[PDB]
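Number of protein chains: 4
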Amino acid sequence: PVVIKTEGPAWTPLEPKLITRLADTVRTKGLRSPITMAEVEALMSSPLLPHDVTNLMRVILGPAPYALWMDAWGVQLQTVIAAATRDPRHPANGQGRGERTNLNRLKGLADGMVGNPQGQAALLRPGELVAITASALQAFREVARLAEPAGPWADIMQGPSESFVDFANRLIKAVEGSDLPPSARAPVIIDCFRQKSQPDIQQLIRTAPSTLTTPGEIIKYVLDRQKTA
Amino acid sequence: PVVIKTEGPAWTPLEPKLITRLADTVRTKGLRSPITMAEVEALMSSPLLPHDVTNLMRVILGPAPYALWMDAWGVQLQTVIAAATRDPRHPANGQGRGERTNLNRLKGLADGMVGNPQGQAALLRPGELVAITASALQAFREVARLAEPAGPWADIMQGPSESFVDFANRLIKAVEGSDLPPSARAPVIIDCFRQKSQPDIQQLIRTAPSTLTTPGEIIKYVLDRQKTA
Amino acid sequence: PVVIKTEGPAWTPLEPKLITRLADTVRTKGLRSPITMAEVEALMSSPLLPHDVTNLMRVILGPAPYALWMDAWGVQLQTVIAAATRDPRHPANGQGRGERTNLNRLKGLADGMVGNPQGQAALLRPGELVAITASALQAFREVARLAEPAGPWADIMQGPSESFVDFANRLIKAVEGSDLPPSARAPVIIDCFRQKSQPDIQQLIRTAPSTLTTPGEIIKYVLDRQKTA
Amino acid sequence: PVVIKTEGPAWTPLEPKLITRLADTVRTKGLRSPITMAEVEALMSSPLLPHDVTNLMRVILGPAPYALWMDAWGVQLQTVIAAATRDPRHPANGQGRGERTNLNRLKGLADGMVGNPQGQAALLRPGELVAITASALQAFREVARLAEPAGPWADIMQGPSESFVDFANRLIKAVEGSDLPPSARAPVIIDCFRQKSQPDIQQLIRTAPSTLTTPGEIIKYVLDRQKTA
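Chains as they are written, first to last, in the entry's author numbering: chain A, 1 to 229; chain B, 1 to 229; chain C, 1 to 229; chain D, 1 to 229.
Rather than coming from a laboratory, the hints here were simulated on the basis of the structure.
A portion of the hints provided could be inaccurate.
One copy or two, either will do: identical chains are not told apart, so a pair holds if it fits within one copy or between any two.
[Stated by the list, open to error] Here are the computed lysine-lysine pairs in the DSS-like style, where the Cα-Cα straight-line distance is at most 27 Å:
id, residue 1, residue 2
1, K196, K227
2, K173, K17
3, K220, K173
4, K107, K173
5, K173, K29
6, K220, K5
7, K17, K196
8, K173, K227
9, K220, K107
10, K29, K227
11, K227, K17
12, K17, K107
13, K220, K17
14, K173, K5
15, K29, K5
16, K5, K227
17, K17, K29
18, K107, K227
Starting from the given sequences, assemble the full structure and let the hints guide the process.
Structure follows, in structure tokens:
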């Protein structure tokens with residue numbers, strides 16, 4: 001993090017207490033939990049310098065996820081630089097050709113920046129910072145989606161002893177965290193409620209005097225009329 | 001069937017040979033096979049009188065499907081009569097109120113028609129005949145879809161000894177003959193190819209150097225690179 | 001949360017630290033514990049924008065409870081809008097017909113609000129905010145009461161090894177969290193103390209020289225004269 | 001099928017009796033038998049409209065072979081359209097640029113053709129029809145060769161109880177329906193007769209006072225001098 005003061009942009013590091021809490025969050029909840037992504041968005045609020053994001057991912061991520069994240073961050077930054085050479089009005093670019101932003105300046109590899117966060121904060125633009133930050137966030141999302149797969153939705157059955165809300169949670173999780181289009185999730189969730197969800201609940205849904213046309217309505221109906229046991 | 005000659009509309013019955021062949025087709029292939037529906041469409045080519053369709057369904061259908069079909073035919077004819085009272089320009093209706101078509105005239109129950117196909121062919125309109133015929137076809141479709149369910153798609157697995165084309169046929173049949181929207185069948189078929197289809201073919205599809213984005217392409221790829229055994 | 005400043009209503013997000021603590025509270029204590037409802041009331045203190053409440057319930061609730069909560073919130077907001085069209089003096093409404101509040105404006109679906117919390121905070125009324133907040137709280141209460149049933153009170157027995165205060169806690173919980181009228185809980189709790197609560201305590205309550213006419217008095221008496229073991 | 005009459009090209013459907021017989025032929029004999037290909041050539045005699053061929057393949061082929069056939073038909077039609085843009089003298093094309101034939105017109109997807117066979121027969125050219133028909137025939141051949149592989153020729157042995165004419169039939173089938181060049185089939189068939197075909201017939205062929213230089217001559221010799229049993 002940088003503070004743009006009168007003397008110039010002064011760099012302030014992130015608290016190691018927040019970083020330790022975020023690292024333990026990633027350690028217990030995993031990379032893909034919505035609470036973890038919310039915490040990352042929180043610590044991704046102010047535009048960070050390449051040094052900050054690099055050290056942050058070095059600390060919170062293990063070695064192999066860190067390698068994957070470096071790869072993904074490079075790819076996303078390259079897409080950004082292609083869009084930048086496709087539009088001279090990038091908030092990282094300038095009007096003349098002398099302000100064109102090279103990947104050495106984005107990854108912090110340019111002259112006067114390697115290993116020095118103060119000089120980094122000096123030469124970098126705010127548009128550069130926000131582009132780097134958005135790129136790093138998208139790369140984190142990619143790596144998180146890659147490190148742990150969503151479980152195959154079509155293999156999910158309600159166990160003989162499992163409750164129905166746990167089964168519904170697991171199924172909705174695996175269906176929404178999958179490769180289906182957004183407009184195909186609700187019908188699939190409904191038809192999986194009807195064919196999975198062991199034959200007692202199957203018959204309970206089948207003999208519904210009303211027509212249930214939404215996963216929430218099916219869940220409410222089943223929770224009302226379920227066999228207390 | 002009727003022939004509209006100079007003396008007047010003369011009724012000609014359908015051949016009992018064609019009816020016997022159609023009955024045996026329904027007996028061996030079932031009610032829902034595409035060949036059976038094609039044969040029914042064939043014998044549903046000329047506009048039939050209520051007597052013809054009623055006797056045809058009496059002969060080709062069993063007792064319980066015949067009861068179901070009578071119910072469905074009545075419901076569809078009632079929808080037709082509601083649309084007819086909602087539009088005085090029905091090809092079964094006339095311009096004045098004296099030509100309004102009652103359900104007794106559609107079901108063949110009106111005066112001068114009960115049990116007599118000749119009088120039926122005399123008083124009926126061609127628009128009446130085509131409306132009755134379309135109603136009977138839709139009712140047959142409903143009863144055929146009702147008598148035998150499509151198998152639940154989410155419970156289909158490729159057996160240890162089953163070939164892949166049989167599994168693909170069964171899966172595509174159960175997915176297309178189900179309650180899914182038309183725009184959700186291809187993604188579901190693909191994701192069921194990937195998660196069902198026992199782990200040898202699962203790994204064969206997983207390690208595809210190209211991206212397969214269509215059930216036909218997946219089928220072609222698997223048929224090319226399958227383990228001959 | 002919004003701050004109504006001189007430039008205009010500026011939106012401030014809730015702390016992810018408080019949200020993480022509340023999510024872990026819901027994870028360990030459940031949805032129905034009085035501590036959880038107190039914490040929700042705490043984080044429901046300032047009038048929240050639809051964006052805030054929606055994201056809050058997305059984070060703290062699982063997928064299936066979140067679907068149930070969306071349903072219940074919609075129903076409660078519809079009741080609010082019916083009361084609003086039944087009274088033109090709603091703090092969300094205005095005096096003329098041009099200020100009537102549609103459900104698109106309450107759920108945050110209206111024009112200039114979809115996905116943008118700043119514009120949301122701009123166009124929304126404080127009465128709108130408090131109505132949305134009360135609706136969301138009532139919906140949370142409904143879903144919490146629905147997700148986990150109170151245990152059937154008439155099936156509660158004091159175990160052979162269970163202490164009496166645990167049995168009394170369980171019984172009072174199940175009786176007060178049930179479908180009985182408020183004026184029928186004390187007599188039922190007393191008569192369940194007398195007939196459940198294995199025969200040693202049954203005889204201890206039976207041979208009470210004084211008449212015990214309150215669950216608290218029965219609990220005090222039994223705790224005084226109980227067989228220390 | 002279309003009849004080009006004085007009023008204009010009138011469409012006549014194929015008989016459902018012939019289609020049912022062809023479907024049962026495909027069901028019993030398979031896709032690759034020479035009798036099946038002859039029957040398809042028979043029903044592929046008059047130039048068919050895209051509607052006719054599409055419905056024909058929908059009826060005679062299962063779901064997965066139908067998907068494969070749609071793919072192959074599209075590819076072959078694309079090759080045809082490439083040849084058409086490579087030669088302005090295509091019987092489907094015209095002399096000016098306004099008669100160039102797009103794939104929407106070949107697949108029946110163009111304007112005034114979607115779902116309507118009468119309009120289809122109206123706007124289509126006879127060269128268009130014959131090109132579509134030849135493309136569909138080649139696609140059927142590809143899919144038939146793909147759905148069922150020829151058995152590996154180099155793994156064919158004459159069983160201990162199998163007769164010699166059955167072994168010769170199986171071997172010639174697998175060798176001619178394989179990936180060998182046409183000029184390499186006879187020597188391979190001969191050398192497989194000599195090394196397979198269990199040692200009694202091996203010695204019978206070895207001790208041939210004449211030199212046998214053709215599979216037919218070897219078959220005749222073995223049938224003459226075989227051990228009757």
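message: When Cα atoms must be at most 27 Å apart, do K220 and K173 count as within-copy, between-copy, both, or neither?
response: Answer is both: 18 Å inside a copy and 23 Å across each meet the 27 Å cutoff.
task: Please work out whether the CA atoms of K107 and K173 approach to 27 Å or closer within one copy, between two copies, in both situations, or in neither?
output: For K107 and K173, the Cα distance is within 27 Å only across copies (24 Å; inside one copy 35 Å).
- prompt: At most 27 Å between C-alpha atoms: does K17 with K196 qualify within a copy, between copies, both, or neither?
  reply: neither (46 Å within a copy, 38 Å between copies)
task: Have a look at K29 and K5 and pick one of within, between, both or neither, based on CA distance no larger than 27 Å.
output: Neither, since 38 Å and 38 Å both go past 27 Å.
- request: Up to 27 Å between alpha-carbons, please classify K173 paired with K29: within, between, both or neither.
  value: both (15 Å within a copy, 22 Å between copies)
task: Check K173 against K17 for me: Cα-Cα at most 27 Å, and say if that holds within a copy, between copies, both or neither.
output: This pair counts as between: shortest inter-copy Cα distance 24 Å, intra-copy 31 Å.
query: Is it within, between, both or neither when you check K220 against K17 at 27 Å Cα-Cα?
result: This pair counts as neither: shortest intra-copy Cα distance 42 Å, inter-copy 31 Å.
message: Within a copy, between copies, both or neither: which one fits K227 and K17 at a CA-CA cutoff of 27 Å?
response: neither (48 Å within a copy, 39 Å between copies)
query: How would you classify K17 and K29 at a CA-CA limit of 27 Å: within, between, both, or neither?
result: both (18 Å within a copy, 15 Å between copies)
query: Given a CA cutoff of 27 Å, do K107 and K227 count as a within-copy pair, a between-copy pair, both, or neither?
result: Intra 59 Å, inter 34 Å, cutoff 27 Å: neither.
message: Regarding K17 and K107, is the shortest C-alpha distance of 27 Å or less found within a copy, between copies, in both, or in neither?
response: within (26 Å within a copy, 30 Å between copies)
message: As a check of your reading, is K220 near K5 (CA-CA no more than 27 Å) within one copy, between copies, both or neither?
response: neither (56 Å within a copy, 42 Å between copies)
Violated hints for the displayed structure, listed by number in ascending order: 6, 7, 11, 13, 14, 15, 16, 18.
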